[PDB]
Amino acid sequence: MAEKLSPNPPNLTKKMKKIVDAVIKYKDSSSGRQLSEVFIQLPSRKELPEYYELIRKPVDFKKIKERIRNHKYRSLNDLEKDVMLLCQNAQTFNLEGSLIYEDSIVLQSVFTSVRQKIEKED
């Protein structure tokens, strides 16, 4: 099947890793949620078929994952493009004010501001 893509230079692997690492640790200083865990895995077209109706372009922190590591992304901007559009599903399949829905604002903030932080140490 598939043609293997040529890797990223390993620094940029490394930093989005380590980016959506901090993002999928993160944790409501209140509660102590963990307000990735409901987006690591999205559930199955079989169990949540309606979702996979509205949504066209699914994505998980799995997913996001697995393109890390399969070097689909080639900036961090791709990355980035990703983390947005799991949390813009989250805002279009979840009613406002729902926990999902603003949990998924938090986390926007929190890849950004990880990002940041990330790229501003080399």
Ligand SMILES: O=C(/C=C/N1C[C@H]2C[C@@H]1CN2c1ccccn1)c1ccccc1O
The other form holds:
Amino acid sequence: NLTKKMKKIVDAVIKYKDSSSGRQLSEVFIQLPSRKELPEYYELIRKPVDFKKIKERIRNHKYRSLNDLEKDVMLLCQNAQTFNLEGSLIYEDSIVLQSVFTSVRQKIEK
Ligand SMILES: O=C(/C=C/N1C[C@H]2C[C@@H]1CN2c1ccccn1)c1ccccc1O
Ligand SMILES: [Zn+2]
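Compare with the form deposited without this ligand: the form deposited with this ligand bound:
Full complex below, order starting with the chain above.
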């Protein structure tokens, strides 16, 4: 019920495609490179999180409110903006996914 509405919102943010390109913005954010693939990420970033983890925290009842879900999504995006350079595509995708989240959330809340 809360779990299922959290699921719906995340599935739709994951599925979201850029208008002109049709590119699925979430794609790089689904799953972080492993600690051995990219140790720099884990040195720089304090609370690593990817969409796979967010889906696990949902399934495991770790979010008490839609606000707690939003907080972890906004953190994934913040972490992307810290690791990647301003002016990079990945950085900007994380920026855009902030408003995709809030839009999807609103629609679903209604
Ligand atoms: O910043 C994120 C990922 C950046 N990576 C993905 C590609 C582009 C950049 C460097 N990449 C590498 C680097 C080494 C191995 C695999 N991918 C990121 C991914 C999931 C959740 C949050 C994130 O910040
Ligand atoms: Zn519960």
